[PDB]
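Asker: Now for the letters of each chain:
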Amino acid sequence: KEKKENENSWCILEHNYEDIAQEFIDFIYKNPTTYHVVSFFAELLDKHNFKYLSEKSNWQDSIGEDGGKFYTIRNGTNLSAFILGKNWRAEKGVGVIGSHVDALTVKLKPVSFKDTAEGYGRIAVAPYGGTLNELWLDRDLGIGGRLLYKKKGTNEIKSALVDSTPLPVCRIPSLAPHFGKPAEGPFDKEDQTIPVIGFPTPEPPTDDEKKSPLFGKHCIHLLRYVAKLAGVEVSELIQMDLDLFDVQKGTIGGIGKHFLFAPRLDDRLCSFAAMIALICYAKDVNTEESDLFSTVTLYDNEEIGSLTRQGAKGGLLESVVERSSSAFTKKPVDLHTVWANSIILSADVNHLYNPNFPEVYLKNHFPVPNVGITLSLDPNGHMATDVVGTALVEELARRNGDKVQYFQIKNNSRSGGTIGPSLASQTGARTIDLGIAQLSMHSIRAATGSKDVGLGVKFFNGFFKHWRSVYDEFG
Amino acid sequence: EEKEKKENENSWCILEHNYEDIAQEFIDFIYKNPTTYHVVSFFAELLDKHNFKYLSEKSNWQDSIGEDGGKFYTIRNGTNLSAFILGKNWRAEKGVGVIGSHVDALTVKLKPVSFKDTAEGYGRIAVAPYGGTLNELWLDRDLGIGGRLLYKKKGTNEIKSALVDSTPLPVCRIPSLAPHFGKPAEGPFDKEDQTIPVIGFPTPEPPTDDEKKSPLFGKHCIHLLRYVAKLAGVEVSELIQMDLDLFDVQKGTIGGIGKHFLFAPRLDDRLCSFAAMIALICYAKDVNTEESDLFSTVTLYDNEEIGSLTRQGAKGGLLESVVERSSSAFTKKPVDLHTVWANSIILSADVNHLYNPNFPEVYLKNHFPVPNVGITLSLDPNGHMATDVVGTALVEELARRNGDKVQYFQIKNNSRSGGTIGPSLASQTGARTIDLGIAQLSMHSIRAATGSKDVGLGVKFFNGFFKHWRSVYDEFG
Amino acid sequence: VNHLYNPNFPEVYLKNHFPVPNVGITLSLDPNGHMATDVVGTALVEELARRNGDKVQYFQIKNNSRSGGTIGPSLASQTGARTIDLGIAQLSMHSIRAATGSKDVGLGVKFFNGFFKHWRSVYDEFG
Ligand SMILES: C[As](C)(=O)[O-]
Ligand SMILES: C[As](C)(=O)[O-]
Ligand SMILES: C[As](C)(=O)[O-]
Ligand SMILES: C[As](C)(=O)[O-]
Ligand SMILES: C[As](C)(=O)[O-]
Ligand SMILES: [Zn+2]
Ligand SMILES: [Zn+2]
Ligand SMILES: [Zn+2]
Ligand SMILES: [Zn+2]
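Chains as they are written, first to last, in full-length UniProt numbering: chain A, 33 to 234, 240 to 512; chain B, 31 to 234, 240 to 512; chain C, 386 to 512.
Since the hints were made in silico from the structure, they are not lab data. Every residue, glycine too, gets a C-beta built ideally from N, C-alpha and C. Treat the hints with caution; some may be incorrect.
To be verified - Label pairs and their computed distance ranges (CB to CB): (1) B:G293 <-> A:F252: 32 to 38 angstroms; (2) C:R435 <-> B:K440: 31 to 37 angstroms; (3) C:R505 <-> A:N90: 14 to 20 angstroms.
Claimed, not checked - Below are the BS3-like pairs computed for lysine-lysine, each with C-alpha atoms no more than 30 angstroms apart in a straight line: (4) B:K247 <-> A:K286; (5) A:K254 <-> C:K447; (6) B:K400 <-> A:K213; (7) B:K350 <-> B:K221; (8) A:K294 <-> B:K286; (9) C:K502 <-> A:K248; (10) A:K447 <-> B:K146; (11) A:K294 <-> B:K247; (12) A:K190 <-> C:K488; (13) B:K221 <-> B:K254; (14) A:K286 <-> A:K62; (15) C:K495 <-> A:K254; (16) B:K294 <-> B:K83; (17) B:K265 <-> B:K101; (18) B:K350 <-> B:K101; (19) A:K286 <-> B:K139; (20) A:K35 <-> C:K447; (21) B:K400 <-> B:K440; (22) C:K440 <-> A:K184; (23) A:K400 <-> B:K146; (24) A:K294 <-> B:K248; (25) C:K400 <-> A:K182; (26) B:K124 <-> B:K79; (27) C:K447 <-> A:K213; (28) A:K400 <-> C:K440; (29) A:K294 <-> A:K36; (30) C:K440 <-> A:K247; (31) A:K36 <-> C:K400; (32) B:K447 <-> B:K88; (33) C:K447 <-> A:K247; (34) B:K62 <-> A:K286; (35) A:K265 <-> A:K79; (36) B:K350 <-> B:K447; (37) C:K440 <-> A:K139; (38) C:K502 <-> A:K88; (39) A:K62 <-> B:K294; (40) A:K286 <-> B:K221.
My request is simple: use the sequences and hints to build the entire structure.
Answerer: Listed below in structure tokens is the structure:
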């Protein structure tokens, strides 16, 4: 009864879109940084019997003839989960959803220390992508991310995740418009959009605290705070990679509750939907009987162009498929044949029609809320989508009872790029760019349809179930 | 029971050095009372609980105030409130101790006709800015709806009003354009065509014959009228008119790594209004009006953000009216109001500007305040503030006596100043008027900041003002 | 090579994130992908330096400035391996005649020699 109720809410089997929307909101709120997001999905995969495999060891002794359910992680921010059926062969190919788990944020600088300014404590930070604009002003900002530490009297460097939520430790204060021209944006990202962390009154550093490699690089108040959050000493902190982020919890909104308002939708929205879809699909997959290879791979650094080891161009997908297939058959695998028979969904959020800016949306080529997944189409290589991929997705949706929408830019407009073209050329596999549409992409707080999380999960679940069968129609 | 009563006084009136509780009450106050109508209603109910008697403006007060004086208040337009305490031994020569503040805040109003046609299925509402809103700070914020409905129950000729509030439901949002689209996504944005709140995306009941009998049918979307009617507990047909705000529903919070800050919407000037009213109530607890020789008031105005020239603003004269009517009813003999006002002190209590360390070039050295220190005097030699040398000296003397700290704000010579009600009240009364307030960051933002101790420190200062202004002003004679 | 502080152009250098002459190797840090350096790489080099007796400096651009890109991101992407962008800092990069510290060549050799001797042992502490 409880297991049947959980399957209905998570996998939208009983037509319940409210619960999955709430779980997405909870997920975003409880996992503010990329590190937290990858850790969330790792814990989720563990609970559904996926086995963690380390990149640093050869997989031949871990994967055998029976295949199974597995995942791996690179850099703590790039994760690939996969299901390998016992009866898989090269000609079956791979069914891939590729998304990104990085989101626009603000990073503490390597030295965050700033002199007090008339008593005000501030921290030196840097934008990750196009942040530190007017939308980041006057927002409640928490602090969180990865601390590296070394326990006193040991040599090993370990990792801890920290999160100030619900405490907003800082805020970037707008200047009152009373002052005139100085209060008009845009504002200088180095000199003007600086987080204000406190205003301390009249303990100084102890001799132990000074033994920290981070002493002098960050304010002692800050060091003590993150040390307390992680349950370690200040002296033990060696380094850190911390974000500032909006601590305003997401919510269902609109007068008819048609919307979901939440931070960091790009692209944790599709990443969540694809991952939940994989878990739902995996519940009814017996890997002893399956002839398929399925994966969701989640990348870092897409917002800065994907050219890092943990981004799409770093090749985790390709490595996973090569290592899995070599261990699985213990014999030479034709990876060119594998990728020639594969489909990659490059699942990245696209743009909902904004009725206040009709002039930038292409007629007949914009999505609306609460309908279904949106294909991203572009004739100049910004998206990897082609005629066969469009037809495949439309065929798949007709079979599974999903609706499909279009996005394409106006000829006089401008397009962003996704990981899709990178994945397509790296593998040689047909790649389809699509995703869950949203308003206000790259704002500190964005919006999508309240049913779109659930509709997304339904479509991706349908993909894993039927992509192979549908693609065989084209052969 | 008795210990809880002592602990309650200690929290609200900061008698045990407890600044955290009063900071939370302020946050709760802002969150639960999003519109000017709610704020005045909150204070009206607070005043009732501490034995202030409501007096209608519409009737003469000669029968309601007698020789013993007492604790009273009145309301104009539901948005302009004056509470006062009149002593049995008050005379014209004692004057009046006034704190004047404003309860209006920058907001977004629904237009008289909010109805917009659906735009590719999107529901939107037609709105207008109240003061300098509908800018980039208003984009991508969770907006609730609330304010005053006017209604007429079926089978009656009584027009009555109800306050409504969607909180916690954000019914709409003003969506920014993604920067991917380029130049169209760069601000500033047109306040009529571009910053329009998106309220829904409905899917496929039509209006009934009874709903069509509403005066507001056709003026607002049927979904909206249904919603506000359900909140008010009335029928759509009964709705006569409405005056509704859009506002940030994000609840305020204590913040900063050492909890030195308070982040909240609509601080200008509900921050000083709250602190002054609580100070009045705290002071009032230990005042026997049968023995007191004082006349004390907090008067809260509307429309200060639009220049105060309305009947419910400072230029409408509620203060002057209250003092004239009360004193006439009190003595039942000729009161010389010119002597009254010549012996009075008016604190024009309005928030001023905390030093912002990221814009040092706009703050005057030695003339800016910092958080968690105390009240800030607003000084200006060109008439933007009413503060003069004697008023500065009075406040500094008051503070030294009561153990408060005082800060300064004045603009740089190459900068520009806001204007408060202070000059208006000074001119209208002829009384010495002192502009001061609790300083804040990001005034006119949708979400501002002040110090976490500053609510309590304001209450403390204003309480000392009521206790000691008369004695201190007597030093200057 | 990365950029030594030029005292005639203070306005383009980020406080606490510039190197000076004759101290040691300089880490190139950038949160927008111009360099491959990450938090673990930073900690590795600092650990390695502490063990070998080398000094480490930082370079990162101001938020309102501009960055060059190195081969680092390419090598990290092509291999999948953790990559650390660093170098010996110089003045007047891309001039026909540039400048560095007179000790910096030797200090560079000493640091790189320490890397080959000890990188495996130090990186094992992160495992
Ligand atoms: C004119 As400015 C740099 O204060 O936005
Ligand atoms: C670089 As993108 C398509 O995630 O805005
Ligand atoms: C460039 As515009 C008028 O869309 O802010
Ligand atoms: C017009 As004002 C002094 O309340 O910003
Ligand atoms: C392209 As370069 C970092 O060698 O100046
Ligand atoms: Zn993006
Ligand atoms: Zn994206
Ligand atoms: Zn104002
Ligand atoms: Zn004001």
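Asker: Against each hint, give a clear statement of whether it holds in the structure.
Answerer: Quick rundown of the hints versus the structure:
Checked against the hint of 32 to 38 angstroms, the pair B:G293 and A:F252 fails, with Cβ atoms roughly 19 angstroms apart. Checked against the hint of 31 to 37 angstroms, the C-beta distance between C:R435 and B:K440 comes to roughly 47 angstroms, which is inconsistent with it. With their beta carbons about 18 angstroms apart, C:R505 and A:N90 fall inside the hinted range of 14 to 20 angstroms. Restraint check for B:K247 and A:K286: not satisfied, since their Cα atoms lie roughly 39 angstroms apart, outside the 30 angstroms limit.
Restraint check: the Cα-Cα separation between A:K254 and C:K447 comes to about 17 angstroms, which is no more than 30 angstroms; the hinted pair holds. Restraint check for B:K400 and A:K213: satisfied, since their Cα atoms lie roughly 20 angstroms apart, inside the 30 angstroms limit. About 29 angstroms separates the Cα atoms of B:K350 and B:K221, which keeps this hinted pair within 30 angstroms; it holds. The straight-line distance between the Cα atoms of A:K294 and B:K286 is roughly 20 angstroms, inside the 30 angstroms bound, and the hint therefore holds.
Of the supplied pair hints, the one linking C:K502 and A:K248 holds, its CA atoms being roughly 26 angstroms apart against a limit of 30 angstroms. A hinted pair counts as satisfied when its Cα atoms are at most 30 angstroms apart, and A:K447 with B:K146 qualifies at roughly 26 angstroms. For the hint linking A:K294 to B:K247, the alpha-carbon distance of about 25 angstroms falls within 30 angstroms, and the restraint holds. With a CA separation close to 35 angstroms, the supplied pair A:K190 and C:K488 exceeds the 30 angstroms bound.
Taking the CA atoms of B:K221 and B:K254, the gap is about 21 angstroms. The hint holds against a cut of 30 angstroms. Of the pairs offered as hints, the one joining A:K286 and A:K62 holds, with about 9 angstroms between alpha carbons and a cut-off of 30 angstroms not exceeded. The straight-line distance between the Cα atoms of C:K495 and A:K254 is roughly 25 angstroms, inside the 30 angstroms bound, and the hint therefore holds. Under the criterion of a C-alpha separation no larger than 30 angstroms, the hint pairing B:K294 with B:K83 is inconsistent with the structure, at around 39 angstroms.
Under the criterion of a C-alpha separation no larger than 30 angstroms, the hint pairing B:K265 with B:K101 is inconsistent with the structure, at around 37 angstroms. Distance restraint check for B:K350 and B:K101: the Cα-Cα separation of roughly 24 angstroms lies within the 30 angstroms cut-off, and the hinted pair is therefore satisfied. Using a Cα cut-off of 30 angstroms, the hinted pair A:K286 and B:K139 holds, with the two alpha carbons roughly 26 angstroms apart. Distance restraint check for A:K35 and C:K447: the Cα-Cα separation of roughly 53 angstroms exceeds the 30 angstroms cut-off, and the hinted pair is therefore not satisfied.
As the CA atoms of B:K400 and B:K440 are separated by approximately 18 angstroms, the hinted pair is consistent with the 30 angstroms bound. Taking the CA atoms of C:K440 and A:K184, the gap is about 23 angstroms. The hint holds against a cut of 30 angstroms. Of the supplied pair hints, the one linking A:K400 and B:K146 holds, its CA atoms being roughly 21 angstroms apart against a limit of 30 angstroms. Using a Cα cut-off of 30 angstroms, the hinted pair A:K294 and B:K248 holds, with the two alpha carbons roughly 28 angstroms apart.
Of the supplied pair hints, the one linking C:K400 and A:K182 holds, its CA atoms being roughly 28 angstroms apart against a limit of 30 angstroms. Our distance criterion of 30 angstroms between C-alpha atoms is met by B:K124 and B:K79, whose separation comes to about 28 angstroms. This hinted pair checks out: C:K447 and A:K213 have alpha carbons roughly 24 angstroms apart, not beyond 30 angstroms. At most 30 angstroms may separate the alpha-carbon atoms for a hinted pair to count; A:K400 and C:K440 exceed this at roughly 60 angstroms.
The straight-line distance between the Cα atoms of A:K294 and A:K36 is roughly 26 angstroms, inside the 30 angstroms bound, and the hint therefore holds. About 18 angstroms separates the Cα atoms of C:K440 and A:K247, which keeps this hinted pair within 30 angstroms; it holds. At roughly 58 angstroms between alpha-carbon atoms, A:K36 and C:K400 are farther apart than 30 angstroms, so this suggested pair is violated. In summary, the hint linking B:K447 to B:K88 is not supported, as the alpha carbons are separated by about 46 angstroms, beyond the 30 angstroms threshold.
Taken as a hint, the C:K447 and A:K247 pair is honoured in the structure, with Cα atoms around 28 angstroms apart against an allowance of 30 angstroms. With a CA separation close to 19 angstroms, the supplied pair B:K62 and A:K286 stays within the 30 angstroms bound. Of the supplied pair hints, the one linking A:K265 and A:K79 holds, its CA atoms being roughly 29 angstroms apart against a limit of 30 angstroms. Our distance criterion of 30 angstroms between C-alpha atoms is met by B:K350 and B:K447, whose separation comes to about 28 angstroms.
Taken as a hint, the C:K440 and A:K139 pair is honoured in the structure, with Cα atoms around 25 angstroms apart against an allowance of 30 angstroms. A threshold of 30 angstroms between alpha carbons decides the hint, and for C:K502 with A:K88 the separation of about 21 angstroms falls inside it, so the pair holds. Annotation: proposed proximity of A:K62 to B:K294 holds, straight-line Cα distance about 21 angstroms (limit 30 angstroms). Our distance criterion of 30 angstroms between C-alpha atoms is met by A:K286 and B:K221, whose separation comes to about 28 angstroms.
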